[PDB]
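First, one chain by itself: the form deposited in one PDB entry, in structure tokens.
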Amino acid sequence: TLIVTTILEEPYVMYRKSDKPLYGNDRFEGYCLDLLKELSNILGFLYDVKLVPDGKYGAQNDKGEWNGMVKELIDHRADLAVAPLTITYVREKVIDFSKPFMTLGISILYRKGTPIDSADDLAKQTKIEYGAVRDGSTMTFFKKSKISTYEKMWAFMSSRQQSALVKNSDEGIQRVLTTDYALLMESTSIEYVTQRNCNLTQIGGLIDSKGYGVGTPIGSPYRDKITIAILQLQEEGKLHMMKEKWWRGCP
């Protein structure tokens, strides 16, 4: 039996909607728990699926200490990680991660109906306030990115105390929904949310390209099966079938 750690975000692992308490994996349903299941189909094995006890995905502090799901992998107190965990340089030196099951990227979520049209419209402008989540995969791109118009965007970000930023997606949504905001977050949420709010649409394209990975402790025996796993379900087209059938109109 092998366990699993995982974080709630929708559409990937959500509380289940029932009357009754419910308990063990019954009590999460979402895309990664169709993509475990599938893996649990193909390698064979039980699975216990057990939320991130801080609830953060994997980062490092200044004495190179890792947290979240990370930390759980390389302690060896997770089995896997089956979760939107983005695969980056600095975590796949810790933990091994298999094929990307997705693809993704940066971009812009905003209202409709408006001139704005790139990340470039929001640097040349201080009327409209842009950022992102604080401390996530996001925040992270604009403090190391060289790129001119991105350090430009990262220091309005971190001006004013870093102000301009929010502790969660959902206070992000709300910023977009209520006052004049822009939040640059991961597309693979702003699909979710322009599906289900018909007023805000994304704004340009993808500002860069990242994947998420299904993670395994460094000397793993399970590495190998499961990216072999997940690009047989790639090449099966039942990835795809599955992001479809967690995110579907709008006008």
Second form
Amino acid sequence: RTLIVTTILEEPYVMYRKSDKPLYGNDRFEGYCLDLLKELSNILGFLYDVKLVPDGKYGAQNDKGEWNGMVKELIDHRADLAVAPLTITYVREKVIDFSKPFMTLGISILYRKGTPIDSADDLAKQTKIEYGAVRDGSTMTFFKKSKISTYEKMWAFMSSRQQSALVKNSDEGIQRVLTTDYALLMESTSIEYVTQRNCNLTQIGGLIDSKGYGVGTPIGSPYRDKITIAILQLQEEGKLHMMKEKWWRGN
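Now show me the form deposited in another entry; what you just gave was the form deposited in one PDB entry.
What follows is just the one chain, with no partners and no other molecules.
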């Protein structure tokens, strides 16, 4: 059985290789997730075929409860595994299974170095420094649905100063931090990627929430627990650390 692996283009997890050499099939791609999939394939002993998710979506449910993205590919048995920066969530576990996480992360703060700012609390209690998140993203949602005192205050601020505090996308938010007095609330993994490539930027404080990326499978898949096992082996043997360093480290 050659396993069909659904994934999504997302730097540095999955990218097309910068080459015009005759590369076909899986060889057309590179990235953290391709390296992970190669390790998993070697530990478990499976053949695989990477297919980009046709609709280019991660997987969310509509008003009717219909799914899309990588999640929908698993539900429909069009893919055996989803190997991507796909967050393990309560709603997704209702319809697919997941391995234990190969990466853990949490919302954090992206801002300039040299400022006395050291946490979310420092931001919340002031208005001189603008702060927000990508509009309608996972981070915005967290703040909007939160019942934690300080995050409700930060949300009230982000929403009332909506037109300006909430940006269109990560790229723009990064631009906003580099050119104005602004702090962007973003997923720690993305922040680490950006800070490695821009010495003027830094992460502020620790993690605000906590979640993990796991390999998705259809419910009942016999590969799920085997993938968890392989993930634990790779972590313990320092391989996930090396694979992260390979893709995240900058100049």
